[PDB]
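A single chain comes next, written as structure tokens; it is the form solved without the ligand.
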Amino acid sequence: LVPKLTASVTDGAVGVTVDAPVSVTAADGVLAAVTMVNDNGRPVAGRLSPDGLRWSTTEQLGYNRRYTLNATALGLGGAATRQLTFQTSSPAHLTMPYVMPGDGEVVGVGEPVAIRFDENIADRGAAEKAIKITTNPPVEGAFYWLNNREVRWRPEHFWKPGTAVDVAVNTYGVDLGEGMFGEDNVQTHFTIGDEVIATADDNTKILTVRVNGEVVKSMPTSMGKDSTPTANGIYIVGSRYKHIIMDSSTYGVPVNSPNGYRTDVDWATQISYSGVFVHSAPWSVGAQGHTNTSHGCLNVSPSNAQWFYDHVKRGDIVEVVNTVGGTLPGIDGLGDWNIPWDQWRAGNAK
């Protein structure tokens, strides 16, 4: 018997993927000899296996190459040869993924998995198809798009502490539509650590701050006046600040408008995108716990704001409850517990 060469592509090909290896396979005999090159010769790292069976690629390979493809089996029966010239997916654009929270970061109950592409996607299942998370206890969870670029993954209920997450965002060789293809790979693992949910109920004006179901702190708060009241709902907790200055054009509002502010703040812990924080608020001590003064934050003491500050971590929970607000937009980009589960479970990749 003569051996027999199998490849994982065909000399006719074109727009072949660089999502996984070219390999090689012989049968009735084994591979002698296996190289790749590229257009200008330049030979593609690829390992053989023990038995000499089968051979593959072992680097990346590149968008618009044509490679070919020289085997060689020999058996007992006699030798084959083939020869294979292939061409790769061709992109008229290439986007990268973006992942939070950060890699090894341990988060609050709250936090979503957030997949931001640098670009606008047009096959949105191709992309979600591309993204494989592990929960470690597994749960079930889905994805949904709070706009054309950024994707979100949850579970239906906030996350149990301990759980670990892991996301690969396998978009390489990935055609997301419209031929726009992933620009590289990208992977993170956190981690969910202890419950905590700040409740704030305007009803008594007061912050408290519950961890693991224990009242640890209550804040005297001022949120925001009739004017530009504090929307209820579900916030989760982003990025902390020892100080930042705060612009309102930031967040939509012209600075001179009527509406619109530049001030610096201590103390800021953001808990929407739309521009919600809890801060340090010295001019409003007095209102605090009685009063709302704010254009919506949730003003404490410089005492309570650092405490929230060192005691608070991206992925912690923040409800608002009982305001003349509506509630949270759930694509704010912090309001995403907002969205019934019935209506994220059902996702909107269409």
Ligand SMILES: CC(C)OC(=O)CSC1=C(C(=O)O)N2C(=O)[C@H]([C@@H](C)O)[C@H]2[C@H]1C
Contents of the next structure:
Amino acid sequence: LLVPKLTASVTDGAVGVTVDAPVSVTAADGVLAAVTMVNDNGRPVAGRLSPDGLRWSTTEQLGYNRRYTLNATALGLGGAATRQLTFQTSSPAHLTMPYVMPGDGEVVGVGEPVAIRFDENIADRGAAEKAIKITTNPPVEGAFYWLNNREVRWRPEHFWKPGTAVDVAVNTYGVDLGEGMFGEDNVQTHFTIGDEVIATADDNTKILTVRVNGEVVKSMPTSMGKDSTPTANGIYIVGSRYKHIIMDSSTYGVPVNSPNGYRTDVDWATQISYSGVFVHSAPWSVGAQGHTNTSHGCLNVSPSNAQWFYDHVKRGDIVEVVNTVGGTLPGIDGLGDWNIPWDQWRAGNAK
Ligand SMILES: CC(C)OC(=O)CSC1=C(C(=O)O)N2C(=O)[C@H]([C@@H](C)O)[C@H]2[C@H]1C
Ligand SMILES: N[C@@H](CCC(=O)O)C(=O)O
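Please give the other form, namely the form solved in complex with the ligand, since only the form solved without the ligand has been shown so far.
Expanding to the full complex; the earlier chain stays at the top.
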């Protein structure tokens, strides 16, 4: 008759044990009679034994900077075996928390990237990417691209198909993200792609045309950026919307008392770039809308058309600007992701 055998998922005396996974113990030639795991202060860790008695596993989050002692006994027809193991878990120098957009359960437009923003600079971008699990249904190829040292984006080659489910699991707890920085916790969000809404602003006509699943539903006269402060061409992702907002140029790097500075209260404002471009109500320029460009870059429309835009456009819908005297919106603006060529985006920038 054989003596039972105990096998744990950790080794006695180990250090740097990662807490991204549970601790387990298994028995062979016998069953587990008792397993306890305690903190250095003596507090027991929650765990559960399988019904057949062969496997025990922790069932609660294990802590950073802990010394745990595991005690296990197995019993079989051939006798008994007992082991005691002590190990230390990872000791981070820093913790970073991820924040994910869009919100859980949200319905968003066909331009919405997955966005994961860490509250600290990430030294090992590849480790962060490998810790993020994206599920799509219907499945579609996509790729990660970093906008700065803290925020990574994931998107497909082309705009999302309406009706797609997107699941984002940021599994960074216990993961070394470089230079001793570990994830503060896990985060999990899910969103769904709604109707295709693409609004095109053509400087040749000074009309902003809104198309919903390919059909024109609204044609709004607009006044875009004057020649000295023009609106950049390119693809813009719709962000936040405001019934009213004080637009402060200092938010976008321009002092208010400077030649192109401003501080202006506007109604019905939909943000389309981090650089400060909005679609918004402009009662002062209704005469120029559809005729001449007068703004600092914003898409001026009538009060009723700005309210319509606020009511009918959602986060992740698309505004495309064409034929202006500006350049192209930067790919790393924050809402300019689609201006990066797919070959470049797909290659990534983790290194
Ligand atoms: C994931 C992408 C697609 O969008 C979002 O994270 C939404 S956060 C929000 C927007 C916005 O209109 O989207 N921002 C600004 O302007 C702020 C910039 C200047 O820091 C941020 C903040 C107020
Ligand atoms: N708004 C600018 C300065 C504007 C001003 O000239 O008063 C800033 O504080 O960055």
